[PDB]
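Chemist: This is what each chain is made of:
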Amino acid sequence: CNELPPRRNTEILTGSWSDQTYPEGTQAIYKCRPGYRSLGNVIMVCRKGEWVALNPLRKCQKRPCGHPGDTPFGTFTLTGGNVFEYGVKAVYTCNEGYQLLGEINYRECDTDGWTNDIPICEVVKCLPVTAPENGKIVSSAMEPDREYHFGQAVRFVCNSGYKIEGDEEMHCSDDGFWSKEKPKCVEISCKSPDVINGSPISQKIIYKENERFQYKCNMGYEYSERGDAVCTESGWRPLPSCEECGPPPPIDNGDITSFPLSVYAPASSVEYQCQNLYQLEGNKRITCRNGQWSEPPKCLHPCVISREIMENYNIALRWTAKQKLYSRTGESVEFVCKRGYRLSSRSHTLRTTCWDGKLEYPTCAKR
Amino acid sequence: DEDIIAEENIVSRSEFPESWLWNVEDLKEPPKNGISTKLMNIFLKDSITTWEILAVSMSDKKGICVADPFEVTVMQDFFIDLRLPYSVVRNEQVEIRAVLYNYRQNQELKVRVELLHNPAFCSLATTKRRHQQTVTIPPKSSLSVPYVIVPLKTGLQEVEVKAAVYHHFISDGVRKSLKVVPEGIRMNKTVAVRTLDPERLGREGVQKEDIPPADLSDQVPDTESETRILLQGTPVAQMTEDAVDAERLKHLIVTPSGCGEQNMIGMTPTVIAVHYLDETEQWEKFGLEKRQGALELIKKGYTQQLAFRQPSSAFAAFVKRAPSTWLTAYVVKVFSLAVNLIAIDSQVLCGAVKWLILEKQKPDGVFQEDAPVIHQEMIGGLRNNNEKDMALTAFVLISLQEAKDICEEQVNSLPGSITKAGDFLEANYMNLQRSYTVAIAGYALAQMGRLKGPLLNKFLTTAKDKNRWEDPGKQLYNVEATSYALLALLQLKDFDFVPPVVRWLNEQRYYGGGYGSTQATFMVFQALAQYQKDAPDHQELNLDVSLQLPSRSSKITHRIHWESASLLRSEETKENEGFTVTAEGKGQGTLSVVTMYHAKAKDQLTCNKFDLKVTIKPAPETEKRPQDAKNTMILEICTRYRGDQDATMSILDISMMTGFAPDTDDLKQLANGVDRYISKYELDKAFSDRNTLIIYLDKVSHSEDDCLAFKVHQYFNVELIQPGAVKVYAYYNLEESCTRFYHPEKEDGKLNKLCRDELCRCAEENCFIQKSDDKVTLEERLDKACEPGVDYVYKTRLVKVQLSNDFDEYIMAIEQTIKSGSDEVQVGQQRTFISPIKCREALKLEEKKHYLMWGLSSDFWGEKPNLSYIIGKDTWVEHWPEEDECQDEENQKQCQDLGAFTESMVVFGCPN
Amino acid sequence: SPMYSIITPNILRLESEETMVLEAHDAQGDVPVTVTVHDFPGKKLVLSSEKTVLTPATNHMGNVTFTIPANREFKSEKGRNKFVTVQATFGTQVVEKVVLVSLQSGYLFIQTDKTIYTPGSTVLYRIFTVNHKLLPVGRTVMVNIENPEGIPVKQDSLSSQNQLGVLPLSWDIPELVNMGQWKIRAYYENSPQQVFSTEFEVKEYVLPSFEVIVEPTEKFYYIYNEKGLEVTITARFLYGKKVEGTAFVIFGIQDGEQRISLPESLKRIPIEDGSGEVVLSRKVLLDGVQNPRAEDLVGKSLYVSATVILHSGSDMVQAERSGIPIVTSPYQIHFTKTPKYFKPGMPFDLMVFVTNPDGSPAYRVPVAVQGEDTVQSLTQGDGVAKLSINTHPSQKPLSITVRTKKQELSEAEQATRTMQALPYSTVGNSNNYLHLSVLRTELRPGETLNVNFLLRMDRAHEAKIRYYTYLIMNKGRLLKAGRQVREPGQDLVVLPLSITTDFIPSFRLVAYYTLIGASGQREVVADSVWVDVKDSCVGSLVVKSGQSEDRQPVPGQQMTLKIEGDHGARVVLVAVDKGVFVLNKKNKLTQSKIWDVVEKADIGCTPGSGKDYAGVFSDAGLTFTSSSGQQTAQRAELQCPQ
Ligand SMILES: *[C@@H]1O[C@H](CO)[C@@H](O[C@@H]2O[C@H](CO)[C@@H](O)[C@H](O)[C@H]2NC(C)=O)[C@H](O)[C@H]1NC(C)=O
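Chains as they are written, first to last, in the deposited numbering: chain C, 21 to 264, 1109 to 1231; chain B, 752 to 1663; chain A, 23 to 664.
Quick caveat, the hints were computed from the structure, so don't treat them as lab data. Beta carbons are placed, not taken as given, at the ideal position from N, Cα and C, and that holds for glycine. Worth double-checking, as some hints may not be accurate.
[To be verified] To give an idea of the chain A side of the interface with chain C (calculated C-beta under 10 Å), a few residues: (1) 60; (2) 65; (3) 67; (4) 93; (5) 176; (6) 177; (7) 178; (8) 181; (9) 184; (10) 192; (11) 211; (12) 213; (13) 419; (14) 422; (15) 464; (16) 468.
Bound conformation, chain C alone:
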């Protein structure tokens, strides 16, 4: 032959090859280029006037890379082929809820082996959550402010006297953010109920916890089981149901003789009554004149005569009915010195009159 053996596409030369023309029978050994495999060396031979192939069957095939290996919480797919040969690319993808750590997501079968390392999938994580004001976190699993991961659910429960405001439960969602917003704990409060076929008895509109709401039913309707509602963190339990000038001012030691109502309008009137033995001063009936109530009366204070105070003054009741005696405003009480006592220096009378809770006790200073 009058040349060198042609440089094949998948083979390489091994000899020096410095001469120009080569005699007959010379064997040209072709080495298997990197990333290829064969049973032996592919040998070429020059005869007549061309470089023939002594081993037509022996050929260099693509080198087999091993199984690229599966990573936890992730699958892979093959690119540019269907066999683990030299020149393919195994692209990895993490499962739902798992994010890739690093920047290399492929493995390329090269002449030496699989390029880079097997990718690693980490579970996405949500920011830690703090306990809301006037509330706690009953759920989760221990550890104050530990980073939650995909899936874990969190529940919120307020303390006593507070009700929740917002979504009750949540969970670490797919994008590493919580599924719902952080709620709030507001003091338990209730509005005035709109009772159907009824009218409210009470005056107050805003209610706190465990406060009861009294109501009456319109004519033709009656109470459905219960006759009142209670303010709870969930609302009015049970719910009110009927099935088929302002209030007068308060006075000390007394009330009105009728059930109070909400509005009176001009020309209305109410009567007052004092507690037992208390004495009333003023007009016993008040009247609404031009959106204002007339002057309500007052209850004068009666005097209580205790044996404890009479013993200190060495005095006793003349007509012994106890040990204790009450005297209304204006009533007079007659005392006598105990046996062996005299009217004392700072006394003048044994008969004194009670005036709005003030009674002058006589003293006896022992003769």
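Given chain C, put chains B and A with the ligand in place with the hints provided.
Modeler: The following block gives chains B and A with the ligand in isolation, referenced to the frame of chain C:
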């Protein structure tokens, strides 16, 4: 090599998962007759077996469906089955088997199999030479290739075997891992068991437990241990007293009838019964349907009581009778406790309250009964004339505070009146004598929070035996009094005094009903119903337990809560340390410190149930040109069962030495009767590729050794002959077995290794550095002995040769220190050079002769008092001619080179 | 004259859609109905409130569908049962009933990737979250990992939302771990009393290279069979090819928990082409036990142990086959499918359930009643035969004895069982009975079953019966309710019931009629029957080859998998080596086990009928309550009675 795939181009199979393909796919394709087909591409693993694929679908409209298993077998024509045990013991010589399978129909295969070298193992495979064998596997057949290895270091180590066939493009590789385990036996010691209770056993609310480090006296050298700190919570149910049985209340359901007083006497048991069964939730045993009628009766009683409501919003036994204070107050009481059951009119309740304040309350503040009730048995403890003012005030006051939340909006004088009543009870509370009055006034004042100081003290000291407020008279008065006191203790939150009171009440077995039970029926069930309400279901558990290890930078904390009290909280530490545990909070727990380690074993580790002796001897006589082959030896195997009786059917698993095969005639003679059996499959196999053998025994004696023997011929020749092995066991248990090795040279078939304590190094490398002294120059000697690796270069004289059964010792005198390293040996001192017996003939070291020896620092073996040298693969050993020998012309080259070597090393040394 | 009646399931479940049927018999015009559900006994909350109108065009029969929210209030002090008050109001009349409540939110199914695991590996498991209709739902589930001792070692609280009812989780097994049966325990957050479990064994092992199957010729051993117990040993590699070797077989007798090995029965046989045979002779069996009376061995079982060794001697596999009953009869008769109450004078139907000693159904087995050779039926594919007898009008207890009449079998080996049925007590001894009969045949979705309503009563009020009210119970909830028009004079009417996929696995049909008869008393007569349906998936899911069958896979080779299932369905997969199953094949998730859990959570407790008309409703999981006062007793048992 010709016509075979090179070793470096074979990628061994390594993916052998027991389970895989844990994937999720959705069927989104356009349905065809309701079925949507999805073609899914999968990558098979390296295992050669059958996979069972199970499918489960979840549809919005169809639900869950578990498909039938779909089996997919994966196979090859030619493959390696590398049979590895789960674990092996460090430094113990074991044999593994690689079984080569050829499943081609009509093509035999010439195969070359190689065991890759691994520094963590000891085998004939080294870094320098390979371990190959060329076998022929007939079609539709298999062949077993034994490899003998010795695990050197613990942990997850790797075994890799490759194979390639001649004249074909067919290769396979297997790379598996096994666990190497310390020699000792798995042990654990219970270091500490401590009870955690900060509120009970701790100082200032914190409890510190000091844990001592574990004993670890019998710990196997060079083995690790793990100490576990196990925290758990102790949940404690707090013993709520048992509620009164529902059957014992069947009689309290009474139809109310009569007049102003007889109606309330019949209404009392029913109202309080529903109130109790409602709270204790016992309508299940009583009868759910019955509760409806029970309500109608309460309504009935209420409606009938409205008929006696005088226009003054008061109440009396009869419409003409003067209004009674106590009766009106009691109607308020009952009606206030029944608002949660039926429809109670506010005007009725609040009107009665406004009446009592304005008409029967004096200035001082005390209630007066101006018309005593006609039934004096419905008032209970108030009959006892003493301290009527204090008692009646307390009664009426309690009815007011119970109807506060309902009649505080309508009645405006209520708070002031409650306050006035409270003043009188406060002022003359300490001058009480009757236990009953102290009890009823105590609950009237505890509702306001005005029962403190000496008053609270008198309330507590008036209770005889700390569990009952008892006063001479009827027992019903005492039951009422103790009920009031229990309601007061439930108001004062004094749960330390409540259990004794409640227990005494339940022991009375008083279920209400009867002549004059009114007060005693209402009060005892109101107090018990409130007791089951305030009763708190479990003792609070909230433990904060913080560990403190010296080897940890921060603090490991654990929050033991009630909802997760039983969760075992484990924290592991590899160092055997003493540490401090600090617990704080309410509740109880348990701490268990348990340290796992490796303990030396007195008891025999191998051959516990069988004795096995294996001998290999040169066979005598020998004939001429028949037989089977040349070089013949005799294998003798003697076994005895270590039991009380004979062993049953047993197995002899014999692996040949590389190049040997049993004699057919001897096997046919053993197989005939004599309680032995060798299958025809074995007897039919040719002389070639019969390197494994199984002799079946019908029984083996326990009294003495049962011995057999047969001749083995060498058909193949190899430079390195691998030891064969024999493994005896009983058919019913493979674990209780014994394995012995045989090698004609090497006694006890063991490979060459140097062991001390528990660290063994391989000694199956080249005997020394063999080269051809002509090819060696002065530069060659200078370049090698100047390498940084070479630690010592000595001119020595062999003083004495101590021959031993395992390793030969060469006592050398350091004549000259050409280069010194770690060992600071002086001229004149002696050092011992150790070497394997296989090398004794190859070294030919004679006494009174001299040698140039240099070696690595890795060839040291001992401790400074007895520091010895190992003649390894990198140990230069050249004979040094004597001065009279250097005058000769044959030794001229070596003498000139050696003299120059010494001079250059001494004067110039290594350039660097 | 108008009578108002409500029917609601015996037990009401939370977060599940429950139906309530409303009827206004003998009424005219439109009847406004408002149904409210309150808690018991406080009536604190209105759990539901729906409205409807009963018009004559709908025969004064309507339904109200409601779902009760799982409030955190319905959680007691633990232990007591929770109840609700169901209150239906028609015009002036109000009818209320107290119904038991179950806390069960639905079902949880756990699937572990394997059945046994080595220390160090990770356990991958999925939790399927459905409701009582097996439809995927989104709720919060609590998971607990538990060691063999019982101590929980890992808690968690996750959500099933946006997961299509499948929740993939994992737990790492430490290297140092306690061997034995571990458990996973999950429960819905709302229902902590219903805890679903799956076990997985932890053990040190290696996968075998072949499988050994020990299968006796018969599934039992006849005590007087002189041949003895003949056993076939089948060994084959995990990749299909057969096994050549030697097998050591040994027999033993098991009595309860006492095992007695038989040393004399040990045999060594050649395994040629993967198969061998070894017989335990009757003589050796009798000599091993120290009792000459062979009759005493009946009731005990046999176990077989076989050890196979390859010719290479590199692998060994031990396998066992236990639980082989020593019996005197090849069959076993069960009355677990036949109602235990009859209607005097009417034909009584029996559902005989014949099984093999191992519990499997027996196909084509002749059964007959003693003294009535004419009443001889044949078992179906499920081993269920139908036997109809004729009852005389009487109050005497009907005692039935069924025997097998398999020809070619002696009378000493024929199986026998004895049952008893009680008379259906009638309202005021009026002798008014109703009898429902159904063609006994494996029923499949997509067919039609003819339900025969047969009436028996005096002619003084037979014309008054103008319609029947029929109800269907499936999966423990009311599936369908309707009317069956009956003309005066007709004794038998036929109901064409269309069977769809919503009836799997079985349903109860309970029908009743009401009238004013005899002494002007309001009377209700009822009757129920249980019908089995072919257990299967609602849809379908098949996995097959997505390539040419001739092509065998190769280690590492890409392959195509053809998956054909329901449109839109999310399918979860797993590939497991069959070697794993050779060591442990328990707790494997199948479809038969799903329907097993469903059928075990049923609120019905009887095959059919009851002692009275109230017993019929209660035993079929229903509560009836009329305005006139005829109502069923309360139910305070979540679980059926013994
Ligand atoms: C480690 O601690 C355990 C405590 O759980 C000890 O108990 C052993 O465990 C086996 C269970 O296989 C029990 O039957 C015995 O109580 C113990 N067996 C032995 C051989 O001691 C034991 O000290 C350690 N566990 C093991 C498996 O050795």
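Chemist: The structure should be examined with respect to each hint, and the outcome stated for every one.
Modeler: Against the structure, the hints:
Against a cut-off of 10 Å between C-beta atoms, the interface hint on residue 60 of chain A holds, since the closest Cβ of chain C lies about 8 Å away. With a cut of 10 Å, the hint placing residue 65 of chain A at the interface with chain C holds, because the nearest CB-to-CB distance is about 6 Å. Among the interface hints, the one on residue 67 of chain A holds; its C-beta lies about 7 Å from the nearest C-beta in chain C, closer than the 10 Å criterion. A distance limit of 10 Å between C-beta atoms decides the matter here; for residue 93 of chain A the minimum to chain C is near 9 Å, and the interface restraint holds.
Interface restraint check for residue 176 of chain A: the shortest CB-CB distance to chain C comes to about 9 Å, inside 10 Å, so the restraint holds. The restraint placing residue 177 of chain A at the interface with chain C holds, with a minimum CB-CB distance near 5 Å, inside the 10 Å limit. The beta carbon of residue 178 of chain A is positioned within 10 Å of a beta carbon in chain C (closest approach about 6 Å), and the interface hint is therefore held. Look at residue 181 of chain A: its Cβ gets to within about 4 Å of chain C, closer than 10 Å, so that hint holds up.
With a cut of 10 Å, the hint placing residue 184 of chain A at the interface with chain C holds, because the nearest CB-to-CB distance is about 7 Å. The criterion of a C-beta within 10 Å of any C-beta in chain C is met by residue 192 of chain A, whose closest approach is roughly 8 Å, and the hint holds. Taking 10 Å as the C-beta contact cut-off toward chain C, the hint placing residue 211 of chain A at the interface holds, the least distance being around 8 Å. The beta carbon of residue 213 of chain A comes no nearer than 15 Å to any beta carbon in chain C, farther than 10 Å, and the hint placing it at the interface is violated.
Annotation: interface hint on residue 419 of chain A violated; nearest CB of chain C at approximately 48 Å, more than 10 Å. Contact between residue 422 of chain A and chain C, as hinted, is not supported at the beta carbon level, the nearest pair being about 53 Å apart and thus beyond 10 Å. Below 10 Å, beta-carbon pairs count as interface contacts, and residue 464 of chain A has none with chain C, the closest being about 42 Å; its hint is therefore violated. Violation of the interface hint for residue 468 of chain A is found here, the shortest Cβ-Cβ separation to chain C being roughly 37 Å, above the 10 Å cut-off.
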